[PDB]
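**Q** Each chain, letter by letter, is given below.
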Amino acid sequence: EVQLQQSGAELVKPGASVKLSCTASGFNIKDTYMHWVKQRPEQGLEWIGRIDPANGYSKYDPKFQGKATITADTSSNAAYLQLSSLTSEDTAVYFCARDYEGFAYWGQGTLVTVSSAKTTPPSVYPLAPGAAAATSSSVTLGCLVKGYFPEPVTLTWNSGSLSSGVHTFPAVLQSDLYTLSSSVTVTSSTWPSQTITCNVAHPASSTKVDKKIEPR
Amino acid sequence: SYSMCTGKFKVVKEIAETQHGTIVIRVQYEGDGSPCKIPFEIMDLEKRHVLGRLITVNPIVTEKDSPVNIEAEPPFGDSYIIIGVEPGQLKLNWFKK
Amino acid sequence: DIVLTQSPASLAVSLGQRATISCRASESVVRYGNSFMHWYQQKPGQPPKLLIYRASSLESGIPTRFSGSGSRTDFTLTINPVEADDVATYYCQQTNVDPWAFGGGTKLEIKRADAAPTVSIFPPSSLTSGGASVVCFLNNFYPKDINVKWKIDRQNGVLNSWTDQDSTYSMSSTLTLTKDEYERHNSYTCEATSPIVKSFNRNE
Numbered sequence: 001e002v003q004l005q006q007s008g009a010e011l012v013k014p015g016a017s018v019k020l021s022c023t024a025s026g027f028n029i030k031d032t033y034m035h036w037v038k039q040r041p042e043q044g045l046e047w048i049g050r051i052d053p054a055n056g057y058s059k060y061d062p063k064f065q066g067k068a069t070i071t072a073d074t075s076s077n078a079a080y081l082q083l084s085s086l087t088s089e090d091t092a093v094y095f096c097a098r099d100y101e102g103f104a105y106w107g108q109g110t111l112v113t114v115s116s117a118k119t120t121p122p123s124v125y126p127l128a129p130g131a132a133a134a135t136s137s138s139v140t141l142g143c144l145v146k147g148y149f150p151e152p153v154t155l156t157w158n159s160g161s162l163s164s165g166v167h168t169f170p171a172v173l174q175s176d177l178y179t180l181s182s183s184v185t186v187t188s189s190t191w192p193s194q195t196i197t198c199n200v201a202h203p204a205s206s207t208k209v210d211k212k213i214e215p216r
Numbered sequence: 298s299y300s301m302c303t304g305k306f307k308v309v310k311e312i313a314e315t316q317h318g319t320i321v322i323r324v325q326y327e328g329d330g331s332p333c334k335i336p337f338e339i340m341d342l343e344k345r346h347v348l349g350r351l352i353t354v355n356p357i358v359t360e361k362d363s364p365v366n367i368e369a370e371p372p373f374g375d376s377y378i379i380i381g382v383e384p385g386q387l388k389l390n391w392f393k394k
Numbered sequence: 001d002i003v004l005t006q007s008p009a010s011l012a013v014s015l016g017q018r019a020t021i022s023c024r025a026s027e028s029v030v031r032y033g034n035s036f037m038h039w040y041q042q043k044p045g046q047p048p049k050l051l052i053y054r055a056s057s058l059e060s061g062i063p064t065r066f067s068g069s070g071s072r073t074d075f076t077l078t079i080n081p082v083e084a085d086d087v088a089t090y091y092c093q094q095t096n097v098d099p100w101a102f103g104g105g106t107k108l109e110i111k112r113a114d115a116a117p118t119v120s121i122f123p124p125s126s129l130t131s132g133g134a135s136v137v138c139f140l141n142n143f144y145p146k147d148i149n150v151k152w153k154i155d159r160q161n162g163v164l165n166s167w168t169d170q171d172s176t177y178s179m180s181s182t183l184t185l186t187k188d189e190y191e192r193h194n195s196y197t198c199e200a201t203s204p205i206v207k208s209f210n211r212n213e
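Protein chains in written order, with the authors' numbering: chain H, 1 to 216; chain A, 298 to 394; chain L, 1 to 126, 129 to 155, 159 to 172, 176 to 201, 203 to 213.
Treat the hints with care, since some could be wrong.
To be verified - Reference excerpt, derived from the structure (chain H facing chain L, CB under 8 angstroms, subset only):
1. 44
2. 95
3. 106
4. 125
5. 126
6. 130
7. 142
8. 167
9. 170
10. 181
11. 216
These are computed hints drawn from the structure, not numbers from a lab. Even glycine gets a Cβ: it sits at the ideal position worked out from N, Cα and C.
In isolation and in its complexed conformation, chain H is listed as follows:
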């Protein structure tokens, strides 16, 4: 069909460059314009620039003209993003979109953290419920992820397949190794026999983890 896939989620030391990238699904890159919007903590999106696989021409927002440099490759159906000589807070989720009139298909934001301390994989422990059978409608359980640095962790449940009426809870930072909690209220007739799982992904360290939420 159609959609863009930005790459990974890396952690970079101050004063270095990163090479982000966006990729195609069902449309050639020369088709239309492609951008790079930036978004930090709560400071909503900031359009950085557009590029043209066709001409090969790209214009930025002046105050971004020194960092970024948008690129593309037709061999590979991707538009990249070289962001260099970065600073401590040159940290954000750098997105990439498509149109000219309103952006339609955006890619899975790619978070980039500028830091001096190195990446630490998380410690995901599954968390089984006690005597909690009674639920008007749904049986609930979960699994904890604690102690990671770049904050991106994509949490999945069963690789995602049911009333994945989950609840993912925001990170927290006690010292310098982040912490997150899961939550999955599966059906009641649905637990002890059919298997359950807690998929965790730490993009900045190339670490996927799948966990055992065994009945007890």
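For chain H, the structure is supplied; the task is to place chains A and L on it using the hints.
**A** Leaving out everything else, chains A and L in the frame of chain H:
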């Protein structure tokens, strides 16, 4: 090939100003029939209903995967462009020289 | 430069009436005779979503009351049947003069029937390292805030996280002790606002 398009139309890029003498409007189509004909229908500032020449190969929208390109010999003066049925209809004002 | 003025700063709508948002550019956005003002709808942890492209045309496949209203440099987005689906910051972007930048945004908050809180209490896993994993994410309630206590049998061992508006809110408190302060006890409680309680005895 036959009946014209029913969906909406949307320009995805530049309306280049080819130095041979044409505008080359590129569009993508979001609509019902996907192998339709493109409803291009340029007109004057009033609507005595026609003013302009169609230079592309007599094109059609065969995709939503592919943006239909268009070339038109506009007149060297103020004029309106048009693309698509009455609802959500592209109405460009290329009224420049 | 070019500047946008999205103005409701943050509003709380009903669950059945006209959500009105506005964006006011400084210089003009009327390009091909058509004004180029677009809107977006970004939710928690996701990319933005395009509502209206040219100031009034409605997108590929987006629910009907979501529509544009606007001039050469002054606009407004609307949603009448405000439903339990539309919880997001809405955006506003220009595509005429190169600083094709977006405004600040507006955080729509939809009101709900008042919350009967679920309460899930979780004991450390079947610990061989470190200490106590005492989790109690309290699920599905409306008023944004409720606070809890962690009746041990604390302060230096509690973390509480947030859960955005859609699966109603939830919460997530935890108590991280050592494995010798955890054993030196017997029963833990999750205290909510009269008092509701989710107990569990280390044994069982």
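**Q** Please name the hints from earlier in the document that this structure breaks, with their numbers sorted from lowest to highest.
**A** none
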